[PDB]
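Form solved without this ligand, single chain, as C-alpha cells, below.
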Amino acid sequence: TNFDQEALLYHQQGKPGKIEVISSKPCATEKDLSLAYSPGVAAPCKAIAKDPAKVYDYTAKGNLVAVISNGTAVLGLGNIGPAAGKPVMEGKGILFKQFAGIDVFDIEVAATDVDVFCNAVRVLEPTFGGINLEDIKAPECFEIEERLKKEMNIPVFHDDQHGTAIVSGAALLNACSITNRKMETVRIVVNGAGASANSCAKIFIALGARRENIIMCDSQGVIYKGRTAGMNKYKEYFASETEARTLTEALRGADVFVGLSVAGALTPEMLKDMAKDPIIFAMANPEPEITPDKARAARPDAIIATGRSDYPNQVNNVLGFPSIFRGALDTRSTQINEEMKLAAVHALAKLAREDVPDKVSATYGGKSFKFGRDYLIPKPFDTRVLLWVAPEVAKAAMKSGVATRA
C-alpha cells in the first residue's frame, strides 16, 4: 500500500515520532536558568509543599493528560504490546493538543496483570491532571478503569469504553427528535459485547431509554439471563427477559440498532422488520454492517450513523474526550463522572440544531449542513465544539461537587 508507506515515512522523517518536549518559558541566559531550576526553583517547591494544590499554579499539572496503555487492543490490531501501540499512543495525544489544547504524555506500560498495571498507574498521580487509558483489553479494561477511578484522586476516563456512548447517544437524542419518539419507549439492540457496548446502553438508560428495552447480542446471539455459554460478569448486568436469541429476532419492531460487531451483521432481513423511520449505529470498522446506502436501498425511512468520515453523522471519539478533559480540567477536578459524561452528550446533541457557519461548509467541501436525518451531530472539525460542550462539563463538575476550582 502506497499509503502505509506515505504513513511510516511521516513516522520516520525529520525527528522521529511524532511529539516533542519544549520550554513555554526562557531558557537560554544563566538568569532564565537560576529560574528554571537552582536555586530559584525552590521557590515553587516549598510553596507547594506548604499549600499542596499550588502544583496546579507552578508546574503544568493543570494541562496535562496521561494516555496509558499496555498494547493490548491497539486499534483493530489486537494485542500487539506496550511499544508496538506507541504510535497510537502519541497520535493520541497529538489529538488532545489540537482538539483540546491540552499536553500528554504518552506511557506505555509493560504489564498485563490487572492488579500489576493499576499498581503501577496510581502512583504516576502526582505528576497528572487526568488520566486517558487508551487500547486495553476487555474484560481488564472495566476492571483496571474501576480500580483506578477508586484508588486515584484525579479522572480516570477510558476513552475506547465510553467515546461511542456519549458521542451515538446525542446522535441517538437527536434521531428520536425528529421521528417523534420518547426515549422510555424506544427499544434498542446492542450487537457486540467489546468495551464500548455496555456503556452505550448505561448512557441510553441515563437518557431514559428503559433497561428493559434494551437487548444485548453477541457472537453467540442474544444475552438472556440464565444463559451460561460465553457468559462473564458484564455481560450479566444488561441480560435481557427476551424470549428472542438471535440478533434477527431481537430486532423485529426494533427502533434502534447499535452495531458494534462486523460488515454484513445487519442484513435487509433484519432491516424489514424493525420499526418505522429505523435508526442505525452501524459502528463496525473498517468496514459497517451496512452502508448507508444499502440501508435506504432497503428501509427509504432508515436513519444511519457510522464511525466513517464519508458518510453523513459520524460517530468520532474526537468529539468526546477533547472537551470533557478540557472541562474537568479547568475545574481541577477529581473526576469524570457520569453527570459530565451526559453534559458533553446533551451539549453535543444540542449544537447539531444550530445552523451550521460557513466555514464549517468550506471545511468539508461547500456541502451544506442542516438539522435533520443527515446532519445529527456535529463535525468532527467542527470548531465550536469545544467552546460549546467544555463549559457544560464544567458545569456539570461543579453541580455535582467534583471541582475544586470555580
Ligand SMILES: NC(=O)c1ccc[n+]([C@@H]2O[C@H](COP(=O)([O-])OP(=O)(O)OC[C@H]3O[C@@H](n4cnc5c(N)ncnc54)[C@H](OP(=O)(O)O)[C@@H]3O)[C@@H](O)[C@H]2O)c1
Contents of the next structure:
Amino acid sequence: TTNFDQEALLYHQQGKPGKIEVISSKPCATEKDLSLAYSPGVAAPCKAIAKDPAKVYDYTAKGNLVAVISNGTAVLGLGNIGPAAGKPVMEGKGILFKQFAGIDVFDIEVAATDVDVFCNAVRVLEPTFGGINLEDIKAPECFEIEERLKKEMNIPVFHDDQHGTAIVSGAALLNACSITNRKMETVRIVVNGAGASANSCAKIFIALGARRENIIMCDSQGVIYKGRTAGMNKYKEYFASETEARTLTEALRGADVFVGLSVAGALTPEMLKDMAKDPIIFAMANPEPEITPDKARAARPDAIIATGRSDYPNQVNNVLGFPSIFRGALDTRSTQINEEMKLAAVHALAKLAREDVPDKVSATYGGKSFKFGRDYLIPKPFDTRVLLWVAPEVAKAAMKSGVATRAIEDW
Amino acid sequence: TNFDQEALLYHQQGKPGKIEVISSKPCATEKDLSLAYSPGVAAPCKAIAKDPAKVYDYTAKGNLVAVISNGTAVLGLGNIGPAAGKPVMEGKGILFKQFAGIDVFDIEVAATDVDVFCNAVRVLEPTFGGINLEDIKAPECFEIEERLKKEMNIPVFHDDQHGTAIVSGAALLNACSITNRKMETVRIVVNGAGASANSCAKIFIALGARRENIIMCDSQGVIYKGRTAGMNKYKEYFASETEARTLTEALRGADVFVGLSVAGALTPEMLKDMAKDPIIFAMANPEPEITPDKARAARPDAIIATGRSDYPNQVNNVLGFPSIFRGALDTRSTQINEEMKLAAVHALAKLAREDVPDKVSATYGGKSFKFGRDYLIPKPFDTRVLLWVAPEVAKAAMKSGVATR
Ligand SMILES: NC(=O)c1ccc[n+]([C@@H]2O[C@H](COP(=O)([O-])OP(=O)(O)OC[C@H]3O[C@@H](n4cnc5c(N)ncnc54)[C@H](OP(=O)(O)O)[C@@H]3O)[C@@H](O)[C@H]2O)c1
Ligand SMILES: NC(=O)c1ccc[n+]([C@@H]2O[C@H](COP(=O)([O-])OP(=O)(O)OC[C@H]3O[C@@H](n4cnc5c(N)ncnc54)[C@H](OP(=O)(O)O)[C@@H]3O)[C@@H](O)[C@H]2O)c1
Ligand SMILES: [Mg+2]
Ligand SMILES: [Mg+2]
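Having seen the form solved without this ligand, can you show the form solved in complex with this ligand?
After this comes the whole thing, all chains and molecules, with the earlier chain placed first.
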C-alpha cells in the first residue's frame, strides 16, 4: 500500500523532521540554573567521577542510556541500504526502548562495513553508554562483530536481530510444547532460514532442552546437510544435519515444529500435511509470512500458529524482549547481557502468557478475550505486565551470575 | 562549598544526569508505532536510499549535533578522561538546546591517540548534522580538527579553539572602532599559545591584522623565530622577528593584550608602557591575568574584557557556537568555514551597537547598556543574538558554496 507509505513519510517530516528530540531533565532557564548545569557547578560531578568512576551512573544519563547502533547493512527486510537510509529505523527502535521500558536511546548510524573499523569505532564509545543494542547488521559479519564487542566492552552488548528473536520464539515454543504435551528433549524442529535470527533461535532451542540431532536447518538452497559444501560457512556448518532429507518438504516429514525465518510463501499446505499431530508453525517472515494461519488451519485444523504480524494471534514480536532485557541490565549496572539473562527472559515471557489476562489487556485489544492456549501462548506487546515480569528476572539473573555491579533488593 | 553540594544534587536528583530523549511524534498506539517503526518506517528508508539528501527530511540529522570529547581538557580540570567529562558534555548539549534549539548527543570517546580518535569519530557522520569537538587538549586538538575536516562531509568545529576567537574578535573590532584604530596597524600581544590562543591570532589576521604586528608569548616568554625551547609546528607559524623576549618587553607600545594563559600574568607595570587606550582581554579563568579595577587603576584609558560574568564585556563562548551551528545546519552545510566564522564575528560586533532592549536591561537588573567601552559585545542572555548571527552564518555558507540547501 503506497498510500500507507505516504502516511509514514508525512509522519516523519511533519512539524520537525524525524522522530526524536533531546530535552533537559533539569531546570535550565536561569543563569543560576545554568551555573549548575554548566560551569562552574558542573565541575563538582566531574571531579567526583574522576575520583570514583562508578559515579558516572549517579550524575549522568549513562544508567538509562542505550546506543542503538547500525551500519545499515541489513535494514528491516530492505537489505544493505547504508547507514543514512537506516537512520529512521534506528530512531524508531529508540522510540520502542523509550515507550516500552523508559530507556533513552542515542541512535548511532556508522559508515563502516569493515568489521575492524566498526568494532574499533564502537568500542571506544563505551564511556557514553549504559548499554549497546546492535541492530540491522548483516550476517555473517554480525556474528563476529557482536562476539568481539562483547569481549572488548564492559557494558552490555546485544544484537537484537539475533537474540531478541530467539528469546521470544523460545518462550512461544516452550508454551506450544506445554500445550501439546511435548518435551523439548524429543521435539523435532525444522528451521527455514539460516541467517542472523535462525542461528540464534536454533541455539536457544538447544539451550532450552532440544537436541541438535532433532533440529534440521534449511536455506535458500535447501536442507543444510552434513557434508554439503554449496553456500556453506562456519555458522551453517554447526547445524549441518545427518538427515537424508534434502528438501524442506522432506525435512517436514513427521516434524513437530516449523520455524520460518526466511521469506514469504516459502511454506505451502502440501508441506504441512505430513507434519506430526498438533504441528507447531512459527511463520515469521515479514512483512508476509511463510504461510497464513488460515491456509495453515485449512490444511491442518490441529496446527498451532505464530507469525511476525500483529494482525494475527501469537505475534513473535521482538519488542517483548529487548526493552525489559536492557531495563534489567541497566538497573543492575551490569557489565554484560549473558546467556543466563537471556534464558531468564525466555522463562519470564513464557510464564506470563500462562496467567489469567487482566481486563485491562482485553480492553487495550478491543475487548478481545485471551486465555492461554493455541490462540494465546505469548504475551501481547501492549500488556504492561511484560516489563514487570521480565526486567526483574533479568536483573536477578545478572546478580546471580555475578555480572551485576549494583544490587537491587526488590522492585 | 554549599554550591558543590547543590551542583551534585542537581545532577543526581530526579532523573540522573541532565538529558532525556523523547519522541517528537505520537507513539502511543499500534497505528502510531506502525509508522514510527515497522512496517511504515520502511518508506523513509527507501526514500533515503534512493535520494541520500532526504535523510535531512525524515530524521533528526538536520537539527542534531554531536558534542564529542575524549575528556583530555575538561574545563580547567585538565585530563580527567571521557567518563568524568560526561557531565560537561551533557551541559554543553543543554546550551545548544537552550540557545539555538539544537538537539545534541554527547559522545565521550575513550581514545587519546589522534589517529584512533579520528577513525572512531569520522564513521559517525551519517548520524549527525554537525560535530562540535569539545575539551580536547592541545596540540592533539589541532591535528584532530584538521584531520576530521579533511575526512568528513559535515561541519566539524572545535569550540575551545574557534569560539573564543570569534567572540573576542567581535569585541576587538568594536574596541578598535571605539578607539579609532585600524586592524592593519594594531599591535597585538597574545599571552598563551594553547587551544584558544592560536585561533584568536588567526582570526585577527583574517580581520585585517598583519601577522608581523602580532607577538605570541607562552610559559617561556616570547615565541621568537629561531627559538627551540618548548616549540611545535603551531607555535612556529606565529614566531616573531621581534627582539622582545619577555611579555613585558613585548607589551611596550602594544595596542592589545589577549590573555589566554593564567591569573596574575599581567601586572600594572606592563600596562604602563602600553599605547594610549590599551585594549585588554584578560580571559584566564577562573581568575583573569589581571582584574578590571586593578587594570583601570594602572591605566584609566584601558578598555577591558574578561571571561567572567561579574565584569562588563564578557567574552562568553555561548555567543558563538549556537548560531554558528544553527546557520550551518539550516543550510545543510558540509562545513563551517572561515567565511562563516567571519560572518559570525561581524554580526556579533554589529548587534552590540544596537539599542539594548528593556528585556535585556531587565534580564540584568535594570542595568542600562549602551555601545561603548563598557559594552563591546552582546550579553550572553540577549535573545537577539541567534536572530542576528545565525542568518549571517547561513548567508556566508550559501555565498561560499558549502550550503546544500
Ligand atoms: N520476530 C520476527 O518476526 C522476526 C525476527 C527476525 C527475523 N524475522 C524475519 O526472518 C527473516 C530473516 O531475517 P534475518 O535477520 O535472519 O535475515 P538474514 O540474515 O538475511 O537471513 C536470510 C536467510 O534466509 C535464507 N533464505 C532465503 N530464501 C530462502 C528460501 N526460499 N528458503 C529458505 N531459506 C531462504 C537465506 O538463505 P541463504 O543464507 O542461503 O542465502 C538466509 O539464510 C526476515 O523476513 C525477518 O523479517 C522475523
Ligand atoms: N571565553 C573565555 O573566557 C576563555 C576561552 C578559552 C580559554 N580561556 C582561558 O585561557 C586559558 C587557556 O585556555 P586553553 O584552553 O587555551 O588552555 P591551554 O590549551 O592549556 O593553553 C595553555 C597556554 O597557556 C601557556 N601558559 C602557561 N602558563 C603561562 C604563563 N605564566 N604565561 C603565559 N603563558 C602561559 C601555556 O604555555 P605552554 O605552551 O608553554 O605550556 C599554553 O600555551 C585558560 O585559563 C582558559 O580558561 C578562556
Ligand atoms: Mg533489527
Ligand atoms: Mg570547551
